[PDB]
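Enquirer: Single-letter residue listing:
Number of protein chains: 2
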Amino acid sequence: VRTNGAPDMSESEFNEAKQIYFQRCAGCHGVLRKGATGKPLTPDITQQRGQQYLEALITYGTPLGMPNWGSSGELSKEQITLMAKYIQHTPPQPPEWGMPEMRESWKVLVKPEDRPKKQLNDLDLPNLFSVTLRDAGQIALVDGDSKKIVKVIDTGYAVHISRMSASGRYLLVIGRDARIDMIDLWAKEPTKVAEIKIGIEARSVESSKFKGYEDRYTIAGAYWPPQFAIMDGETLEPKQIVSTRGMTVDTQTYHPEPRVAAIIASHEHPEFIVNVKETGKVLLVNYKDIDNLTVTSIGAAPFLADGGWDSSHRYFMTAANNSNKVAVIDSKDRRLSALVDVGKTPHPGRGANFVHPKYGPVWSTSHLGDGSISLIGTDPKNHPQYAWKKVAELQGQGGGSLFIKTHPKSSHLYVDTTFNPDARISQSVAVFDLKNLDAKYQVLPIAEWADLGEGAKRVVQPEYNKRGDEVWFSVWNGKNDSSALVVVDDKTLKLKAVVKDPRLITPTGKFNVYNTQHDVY
Amino acid sequence: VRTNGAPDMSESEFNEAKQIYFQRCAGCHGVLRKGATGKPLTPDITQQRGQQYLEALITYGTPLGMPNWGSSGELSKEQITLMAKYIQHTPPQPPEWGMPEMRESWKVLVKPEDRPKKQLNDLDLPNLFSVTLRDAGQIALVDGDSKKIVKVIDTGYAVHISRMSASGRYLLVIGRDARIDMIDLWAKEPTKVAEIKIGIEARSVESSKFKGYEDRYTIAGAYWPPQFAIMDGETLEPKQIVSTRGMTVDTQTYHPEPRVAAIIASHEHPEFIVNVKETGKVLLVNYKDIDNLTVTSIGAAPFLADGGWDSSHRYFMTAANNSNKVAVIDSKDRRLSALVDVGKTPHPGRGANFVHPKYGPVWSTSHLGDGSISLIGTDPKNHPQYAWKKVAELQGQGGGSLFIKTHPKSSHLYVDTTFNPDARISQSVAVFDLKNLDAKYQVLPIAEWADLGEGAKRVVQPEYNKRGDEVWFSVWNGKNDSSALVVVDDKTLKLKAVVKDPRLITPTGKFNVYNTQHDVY
Ligand code: DHE
Ligand code: DHE
Ligand code: HEC
Ligand code: HEC
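Heads up: the sequence lines are chains A and A', in that order. A prime marks a further copy of an entry chain. Start counting at 1 in the first sequence, then tack on 22, and there's your number in the authors' numbering. Start counting at 1 in the second sequence, then tack on 22, and there's your number in the authors' numbering.
So here's chain A without its partners, still in its complex pose:
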């Protein structure tokens, strides 16, 4: 084993590092090391740094995300030297991940027969918040009423998102390394009952949400290998694995590695909606019969990204990279209803739904560059003159917002500005009065409200509670600085509570059980 410019090693050293890479590093550094979360670790870059620089970085780690492998004792001094050597060599082809490997990683910590037949705690589960602790590598269960952290669960290092099972009993979390952990909220102390790994890199997970199929199936989509898997919603046992490799929608030529951009459970039929990126296809995977799977392939647009349901939960509004068009998927009739041409490039996400006084039910989406927000009619039944058209456009504080949120019981539309260049703006949120949209938004000083007075204090993601009278926001501040969660009374737009705890390490995503379980947005 010799690559063109750094440390010759060999085969009982290469394959060892290789194993560790795909199992412990690819989650953030990319399967081919082109990078994702972490920076790219290609040869040219790694060589210039030199063996020593590399070992220091791996052992100690950076406070901006990179774990410390030596200090934590996760890896050995000898192993860290192999990795430093390994990353300087040409990147090999990533391994496949089939049934043997999935079953290998499948572990049931608590058999279904040994789980509580009912809810063994006093927790108000529906108003619980599953807050992601980005750098701490875990999730925090926060009581929506007592406003205190109820339980801290260790997930992994690349904790990405949380999802709920249709019964409201199971908390599902996935990592960017394709590891999934199942949590039973009915135990004395809510805990992990099962886990499994479905690939090398992943971003999606969802449960069966069609009536009658509560807790029947759990699906997860990967970046690598190009595939998605359906597991038993009760034990996480891997049932079927499907490849997303195939022909593109535009050029209709073969594509060797299409990534699963997003997944969403359908309400119209017993099926999962899978967005495949490079091929531009929205797959409808029917799970009425898992032994003999039925899949409908809906051509949309190239480079599919994320999306969300319209108010009725029938039309899936989806964005595409480098495209000002929102592909509308009819999940009932299983077809492409439209390619709505909004102004600029829509920012990938669930979006926000509300009833515009003048236009009826609309679905909105923000624009990263100028902070504007596009509205689209989503009621062809009673408002056909507006259905599937950019009906209007709002204006926020400015650039770089990551989330927008509203609620059926609320009269406000909250929109952040996390990545705005102006520090002041990135520390606040805009609140739109849906009753008077001709008015300018109001600016809520979220960061000023906890109290922290240090760093960037980035403010991210508005999330309501079960009722719809409270709105929570995370107040970032990296590992060793101090973080908090701010709560506002939606009816009064006044501060209501500030959550602090030495355990609230870099809180980001917040998932209210009920609102996640029922797709309320």
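Mimicking SDA-like on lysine to any residue, the simulated pairs with C-alpha atoms at most 25 angstroms apart in a straight line are: (1) 354/A' <-> 317/A; (2) 56/A <-> 81/A; (3) 169/A <-> 504/A; (4) 310/A <-> 321/A'; (5) 310/A' <-> 356/A; (6) 56/A' <-> 276/A.
Cβ pair distances, simulated, as ranges: (7) 365/A <-> 541/A': 51 to 59 angstroms; (8) 54/A' <-> 443/A: 53 to 61 angstroms; (9) 73/A' <-> 126/A: 46 to 54 angstroms; (10) 100/A' <-> 122/A: 50 to 58 angstroms; (11) 54/A' <-> 407/A: 55 to 63 angstroms; (12) 56/A' <-> 343/A: 40 to 48 angstroms; (13) 354/A' <-> 86/A: 53 to 61 angstroms; (14) 159/A' <-> 122/A: 41 to 49 angstroms; (15) 310/A <-> 23/A': 48 to 56 angstroms.
Computed footprint of chain A on chain A', listed as stretches where at least three residues anywhere in the stretch have a Cβ under 8 angstroms from a Cβ of chain A: (16) 117-126; (17) 261-269; (18) 319-325; (19) 352-360.
The hints are simulated quantities; they were obtained by calculation from the structure and are not laboratory data. Think of the CB as a built atom: it goes at the ideal place given N, C-alpha and C, for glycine as much as any other residue.
Let chain A serve as the given structure and place chain A' with the ligands on it in line with the hints.
Expert: This is chain A' with the ligands only, laid out in the frame that chain A set:
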């Protein structure tokens, strides 16, 4: 360009030979040259023969199938030298074949608007026979009544099979090189109206046979690339191309190159039944909406082969390589009804259906090794005690039969013995009296009946006429020897006609329009 032991050439010579290989040679020699029709052309084999031996073979060709490229003027002296060099080098990875390449090969010789609005000839089309001329590289249209060759159509060199469109107007032929030719039987002189190439190697083609979809779609499945394509049943315009790459049914691990073993048009729903070999999956491709394709993936058995419909045309009886099990696919309910354990390994084919006096409707299949024939019950509605079970076993003359055939209006079951070691037996056929199956078959001296007195005079494939009172057989005898077609009166089991013509070069497959159009067997 240097391979480890023969003629260094280079790149403007390599790529040229490479192009010619995949376009003109891969049809018979295999995409990786492992061989199929023709012998393998791998380096070790090609090197031992030496440049000179190779050039001689390519230029002159063998009478056992191999075309003469120099003599015919198809290739040049200079080009034949490159190929000789090319085949001695390590085999490269085969090219993909997407939409651009398919449209490139798509040629409409006669626009649909310019075709006759009605039948412009006196031909009795339903009783027409499309006889494959193996070495001559063409098909012969033979009148089922006048007993004379009505038209000879040039198809290509690897003419494999013929199929009919549901209207009975279009004759479809496919080559092992994935080239398809469409023939309009309504013209003054029946002729080609369109052609297209769908891959490098292929064996399957079929038309839409569900009521209402006459001439709507034509599908073709390939060996390489692993894909199938659906084209416009009127112009052969390529509409959709799907990849068969994916996970296996047994080990559920990724397979980079699964071949389409067979295709069959469904009668229960508007869908095509595609058998994928290595992954062991029976795909139900619904064409109600071609823009948004629905596919049901039925797991069967590993290494799927060919099959045929049961009498009702609802259950698809399919064989698998190295398996004594026949997978029964319910095409209505879209599931696997059974894995019938017949004795030995069933020989892949359509099979033969008839009503067994004691067991009711049965589907039969032969066994290459001992010439036995297995029977299986196919009526769970009125004979559930026999449905999906080896109900009985017949005995033929012996080893190596390729076809068995019966007909609803006939009381006989004809079975050949083409590859039997005993020359005498390979020149005859067995006729079973379905009214008395406890009796021994009768031996019809097919070869003795034309008159030829030379070579092996191999006898192959029993095919009835539109009525069901005649049974045709081909009487092989290679290129330069003399061939014929023998016809027997089914009601009398006596000779009825011998067809001879200097144009009947090595006749093999015979497809009666009506029986092919309606899947009568
Ligand atoms: C495609 C995708 C989904 C949909 C999954 C599904 O369907 O189940 C999703 C959803 C999500 C959702 C879903 C809930 C919602 O608020 O709608 C949230 C909050 C979330 C928290 C974050 N993720 Fe996520 N996330 C990515 C990908 C995705 N994020 C990235 O690759 C990206 C852009 C870069 C990265 O690696 O960080 C990214 C950044 C973030 C964040 O910045 C967040 C806010 C903070 C964090 O914890 O990393 N991801
Ligand atoms: C998988 C397959 C099909 C189904 C196609 C479809 O679904 O549309 C089929 C059908 C067929 C059918 C279908 C009709 C029938 O009689 O049922 C026939 C007669 C036929 C004439 C032949 N083919 Fe065929 N054929 C192959 C493959 C196949 N043959 C081979 O690879 C094989 C075993 C070896 C070879 O390359 O020759 C082969 C030999 C033959 C023959 O020996 C025949 C009899 C003479 C010839 O012309 O080559 N093929
Ligand atoms: C995400 C959960 C990570 C995992 C797992 C690993 N790395 Fe990482 N790494 C990550 C980030 C976000 C960064 C950037 C750190 C920053 O604050 O700038 C890094 C950085 C490194 C480097 C970068 C070298 C440089 O460009 O300065 C190296 C060489 C590195 N990481 C190696 C590495 C290895 C070998 C890992 C597995 C054993 C590993 N990382 C895991 C995030 C994450
Ligand atoms: C099928 C329609 C064929 C096509 C097209 C080509 N070849 Fe062929 N080839 C074929 C057969 C059936 C055989 C065996 C001939 C026999 O009677 O034994 C061959 C043989 C050759 C050989 C074989 C050398 C040997 O082992 O003796 C060579 C080198 C060869 N064919 C080359 C070749 C090339 C280069 C072609 C395309 C330009 C080509 N064949 C096409 C059948 C068919």
